[PDB]
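Next up: a single chain in structure tokens, the form solved without the ligand.
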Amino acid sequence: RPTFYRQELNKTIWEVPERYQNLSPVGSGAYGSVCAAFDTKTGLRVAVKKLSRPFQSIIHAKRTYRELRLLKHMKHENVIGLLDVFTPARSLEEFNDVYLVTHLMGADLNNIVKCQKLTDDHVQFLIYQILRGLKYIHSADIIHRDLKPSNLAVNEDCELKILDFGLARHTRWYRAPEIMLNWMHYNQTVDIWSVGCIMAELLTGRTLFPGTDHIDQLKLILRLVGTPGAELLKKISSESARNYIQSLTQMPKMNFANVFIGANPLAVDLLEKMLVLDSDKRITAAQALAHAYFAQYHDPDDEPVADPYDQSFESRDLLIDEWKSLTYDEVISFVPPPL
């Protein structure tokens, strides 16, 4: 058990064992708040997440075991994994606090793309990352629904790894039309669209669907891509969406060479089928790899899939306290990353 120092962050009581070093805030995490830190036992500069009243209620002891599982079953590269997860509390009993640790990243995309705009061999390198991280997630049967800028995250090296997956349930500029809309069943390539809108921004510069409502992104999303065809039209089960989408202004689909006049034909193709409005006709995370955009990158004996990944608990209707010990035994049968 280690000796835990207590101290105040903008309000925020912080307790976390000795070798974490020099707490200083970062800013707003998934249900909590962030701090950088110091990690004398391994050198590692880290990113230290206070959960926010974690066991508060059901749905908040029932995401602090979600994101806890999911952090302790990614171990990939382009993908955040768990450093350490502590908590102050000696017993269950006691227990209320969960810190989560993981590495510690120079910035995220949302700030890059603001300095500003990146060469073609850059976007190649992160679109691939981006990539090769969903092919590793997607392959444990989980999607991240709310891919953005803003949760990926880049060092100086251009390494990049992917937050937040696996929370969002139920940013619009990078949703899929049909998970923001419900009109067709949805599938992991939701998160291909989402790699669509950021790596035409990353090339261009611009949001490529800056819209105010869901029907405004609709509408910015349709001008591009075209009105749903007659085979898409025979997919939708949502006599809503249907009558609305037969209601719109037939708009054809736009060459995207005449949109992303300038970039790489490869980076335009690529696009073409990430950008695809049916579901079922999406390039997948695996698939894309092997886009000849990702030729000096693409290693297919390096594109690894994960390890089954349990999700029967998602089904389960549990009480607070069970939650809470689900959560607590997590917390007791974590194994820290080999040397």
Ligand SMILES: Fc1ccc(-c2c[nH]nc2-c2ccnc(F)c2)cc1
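Rigid core: the largest C-alpha set superposing within 1.5 Å between the two forms. Positions refer to the first chain, counted from 1. What changes on going to the form deposited with the ligand bound:
A 2 Å or larger CA shift between the two forms, after fitting on the rigid core, occurs at just one of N96, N182, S150, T207, namely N182.
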The other form holds:
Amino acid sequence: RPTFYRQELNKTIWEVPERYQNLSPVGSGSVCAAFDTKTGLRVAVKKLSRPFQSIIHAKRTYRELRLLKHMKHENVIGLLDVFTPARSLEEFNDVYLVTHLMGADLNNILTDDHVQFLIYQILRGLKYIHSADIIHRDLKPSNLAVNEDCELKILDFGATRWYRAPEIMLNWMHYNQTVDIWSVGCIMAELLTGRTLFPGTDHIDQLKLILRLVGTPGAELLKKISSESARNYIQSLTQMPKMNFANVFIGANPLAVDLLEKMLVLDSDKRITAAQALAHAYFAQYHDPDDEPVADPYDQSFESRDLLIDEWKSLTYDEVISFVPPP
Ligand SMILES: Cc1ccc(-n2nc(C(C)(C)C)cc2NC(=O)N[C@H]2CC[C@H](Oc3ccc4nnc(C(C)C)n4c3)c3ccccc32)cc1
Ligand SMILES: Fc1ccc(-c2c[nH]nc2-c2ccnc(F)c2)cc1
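With the form solved without the ligand already on screen, would you show the form deposited with the ligand bound?
What follows is the whole complex; the chain from before opens it.
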């Protein structure tokens, strides 16, 4: 069992193994950059705040640890280490997560080639995540970590609405993985043009900005809408045609525009998947179907369970104990 040391950074206490040196805040739980003396790498360390404050916090704790232990892909955050200063289940009350420090997000960070490489990486990571039956649900520039080599990893820190699928603004319960492809569409647009595609002020403003580009719903999509209030609102708007994307995004590589149209189709059932998007001609320089792996099966049966705080806590403790670092 390693030797821990204690310090206070910005009202927050950090108790981490001596392995980890030069802790300095990055953002806000709360996150520090460190030096990993065992490997010579710079790392990010997340301390979970009050992980067992409520059943919902305890289950969030378990969920993030179970997810981060499963993700083993070049374009998705993975776990280098996980530790607690606690020496017993009874005193277990703090969780720290360690990953590779990339150093910037996509807000911080372009030719056409740079857009190709950045969006290729997002889709290669999303292929992997979607293959585990996980939806990200909050893809946006601030959840995309980029190093000096413009290598990219998808993460989740926990305006969001700007990158959000229109079916989510509408509060449809049965949305599918292509909510994430919508978000990627909004990101690629902003990288090509330098402007937020849909800078809505609220969920109503956001829906109106979206339907101005992609049109109000056609008949095939209206038939799938259960809610009377939702249909009453949408069909009462001034009806709008799909705009000509070649016009809106004039100046962009026409192959980029063609992919944008396949991502930003209003009906989620007609949107391109991540696997299909990787095979699109826009990524000819990067695409290799032998180097676009899928995930091992991911058990999320726990999501339907209703357990006590102490049960979520013991489960979380067994996951910390069983952790095996990557080579
Ligand atoms: C309740 C919950 C919350 C989040 C999740 N989640 N779901 C996922 C995927 C779907 C699989 C994508 C991922 C996560 N959790 C997650 O990503 N953790 C990050 C949060 C950022 C934090 O900071 C980092 C990490 C690396 C890094 N490199 N550069 C910089 C900044 C300059 C932007 N980084 C900043 C972190 C530091 C340690 C260890 C982890 C982390 C799941 C459940
Ligand atoms: F104004 C609109 C109308 C429909 C959508 C939408 C897009 N894809 N799927 C839907 C959908 C499917 C079933 N039920 C719903 F409520 C929504 C988005 C905005």
